[PDB]
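> Here is what each chain is made of, one letter per residue.
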Amino acid sequence: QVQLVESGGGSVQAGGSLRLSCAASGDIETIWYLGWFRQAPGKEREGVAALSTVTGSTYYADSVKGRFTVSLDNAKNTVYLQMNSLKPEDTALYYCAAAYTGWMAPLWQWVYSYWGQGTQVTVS
Amino acid sequence: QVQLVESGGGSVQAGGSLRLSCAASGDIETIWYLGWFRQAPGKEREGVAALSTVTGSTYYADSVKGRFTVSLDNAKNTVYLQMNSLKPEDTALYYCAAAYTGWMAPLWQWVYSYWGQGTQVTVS
Amino acid sequence: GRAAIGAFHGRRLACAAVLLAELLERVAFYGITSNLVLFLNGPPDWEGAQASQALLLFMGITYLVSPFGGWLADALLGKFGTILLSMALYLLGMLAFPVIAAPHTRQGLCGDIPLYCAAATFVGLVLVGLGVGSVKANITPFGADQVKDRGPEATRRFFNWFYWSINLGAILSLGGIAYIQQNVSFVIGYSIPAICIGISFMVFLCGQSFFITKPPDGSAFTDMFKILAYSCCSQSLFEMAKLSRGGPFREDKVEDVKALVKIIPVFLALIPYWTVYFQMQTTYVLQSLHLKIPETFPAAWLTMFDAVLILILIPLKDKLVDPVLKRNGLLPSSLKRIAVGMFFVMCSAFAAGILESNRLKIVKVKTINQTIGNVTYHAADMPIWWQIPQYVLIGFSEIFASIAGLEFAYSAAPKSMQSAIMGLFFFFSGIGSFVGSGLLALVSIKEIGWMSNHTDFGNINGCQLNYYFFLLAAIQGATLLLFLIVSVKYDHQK
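Line order of the protein sequences matches chains C, A and B.
Anchor point for the first sequence: position 44 equals 44 in PDB author numbering, and the numbering is continuous, going up by one each time.
Anchor point for the second sequence: position 29 equals 29 in PDB author numbering, and the numbering is continuous, going up by one each time.
Numbering (PDB author numbering) for the third sequence: 19 to 62, 64 to 134, 160 to 278, 301 to 361, 371 to 569.
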């Protein structure tokens, strides 16, 4: 019922920057939170940041604070994930997801219902 | 008081089928059971089919079981009686009646109070 | 909801089933609640403190599962689906007690005889505690939705006969079953309550075609929580959420949120009413044991003194007092009937203060020993029938306040949350019972000692219950003044 379109994937070297974007095609309403999850190959999935469509509060992951920014655009209905000071440890696959409830946990992966294909980003 | 008007009667050959209509008016919020009665010449009046306006649980007579259908149209406040594979024996006058309490022996005429003009059906 | 044809007969078989499934869901709640402590202190051996704490945890679950048994009805299943679910637990839990009592199967369930049975009692009580807290929040709005098509005049005429049928289960259960339990047997005594709830499940299910039901709408709550988040994390403050004010939410949705902010202050003003109403149910029975009872005798029959007036005053209030107040414009609202009901509770507690004050005078002269329920009490030589004046004034308070509290909770809640708001109503009545239970202990502290000498099955002549009642009246005259302040502001902004 809800599908998210990824974009902006690419690869850069150390010290580079990227602007990842993941669009949505499902109901604009009925969605409470949007989050970005980074998962390296053969590694457990982990969350990066979350954004609420009603309040705007952002919950950046403790391990990536200060180097990534996420913003919402109601007109375009497509969130963005600005990234700077990229490092090799950030090389991993990325996912964007939505949920019908986030007052429990904004980052825990066992809450989001709808997921997306995801995009791979490599930092050298 | 309530008023009933029969309709749909006519003369048909063997195997015909008619949809007798019997509209109801007046204070129609106090009607529990509706039914149809046949009265062949030289024989006492007998019931044909009965229906409930509160649950939809119909009733039928073993004489004509399996070939007659009775339904209600709450929008039009009208009851339709359908006969399949008519016989010359069934040829007789018909009536539709209401009853403010008929949960016991709905097919016995003495339970009903209101009555209509009645219609005649000829089969040969 | 109902077609024109046969409407009159379709709302007498939809209110006969709801009223005959609350008489049988209630005759099976006093079957277990009434003679429980007595049952446990049997030859096969809980103590006085332990037995009661099972009857205080069992009630605690009943109040604390109403709001959550209401949210489940307005979000997932609906009022009809969830009542059938609840009566399944209510019956499933009620099957533990007959097995426990019976010596044949007692060993299998309780366990090896101690050559006790705590495991089977609590699993039995918890399930029954869940069933009665969720049926009690979904049958009251579900019942009154059948007749809502005829305006508020017909809703009020329902709660009159929905409260005369709940009080006809107390007299039928505290009188009939209680006698069978003590004297005849406990296997037979505890088997009727299990059968009674069995019939209630079937009668409710069979009449599935009379009722008019509405599908659940879960988006009502999801939107409601978001409104709170937007307002608190960012004229009443809920106005901004509207589109007209620039917010991202609908208009009528914000209205429902502002309806809960206004109802809540009224419920918090009734906690003093419930506190000084569940203490008169308990302290009166203690007083009756200490009066000359006319010349075994179950201790339950002393409790149905007031559920034999509400059985004879409602027919009088529903055909002689309601019409006379209708043709004349005298008392139409529902928050003006409660404020009248909270006035007879004041005169009832004060009335019992004078009766007790004179009673303590008599015992100093002479006393007569008597035995009720296997124990002995030092009753005074004064007939118990002097206690009628303090029970009539409570028969007039459960007619204006108990029957008008339900009507107001139903008729002042958004149509999408009519079970979560009757659920809260029965949860703020639990907060009332337990606030009083703490009030009794406080006044019984060593410093004051108005009831320190009182114990389990203990004489109160040394105690001073006289002062306690006057304190209940004092705390009930304060709330009455307060409830008029909040009530006026509610109607003013309505």
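Take these hints with a grain of salt, some might be off.
Said to hold, decoys possible - Keeping only pairs whose Cα atoms sit at most 25 Å apart, straight-line, the calculated DSS-like set for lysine-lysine is:
{"no.": "1", "chain 1": "B", "residue 1": "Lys521", "chain 2": "C", "residue 2": "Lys76"}
{"no.": "2", "chain 1": "B", "residue 1": "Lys258", "chain 2": "B", "residue 2": "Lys324"}
{"no.": "3", "chain 1": "B", "residue 1": "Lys411", "chain 2": "B", "residue 2": "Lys401"}
{"no.": "4", "chain 1": "B", "residue 1": "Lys324", "chain 2": "B", "residue 2": "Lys401"}
{"no.": "5", "chain 1": "B", "residue 1": "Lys521", "chain 2": "B", "residue 2": "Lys439"}
{"no.": "6", "chain 1": "C", "residue 1": "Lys87", "chain 2": "C", "residue 2": "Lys65"}
{"no.": "7", "chain 1": "C", "residue 1": "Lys65", "chain 2": "C", "residue 2": "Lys43"}
{"no.": "8", "chain 1": "B", "residue 1": "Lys258", "chain 2": "A", "residue 2": "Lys76"}
{"no.": "9", "chain 1": "A", "residue 1": "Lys76", "chain 2": "B", "residue 2": "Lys192"}
By construction, these hints were calculated from the structure, which means they are not laboratory data.
> All hints are to be evaluated individually against the structure, with a verdict given for each.
The hints, checked one at a time:
1. B:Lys521 <-> C:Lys76: violated, 71 Å
2. B:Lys258 <-> B:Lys324: Holds: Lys258 (chain B) and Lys324 (chain B) sit about 23 Å apart, inside 25 Å.
3. B:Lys411 <-> B:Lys401: Holds, because 14 Å separates the two Cα atoms, which is no more than 25 Å.
4. B:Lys324 <-> B:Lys401: violated, 31 Å
5. B:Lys521 <-> B:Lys439: holds, 24 Å
6. C:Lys87 <-> C:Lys65: This hinted pair holds, its Cα atoms lying about 13 Å apart.
7. C:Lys65 <-> C:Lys43: Holds. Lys65 (chain C) to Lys43 (chain C) sits at ~21 Å (cutoff 25 Å).
8. B:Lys258 <-> A:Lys76: Status holds; Cα separation ~24 Å.
9. A:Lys76 <-> B:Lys192: Holds - the C-alpha atoms of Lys192 (chain B) and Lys76 (chain A) are around 24 Å apart, at most 25 Å.
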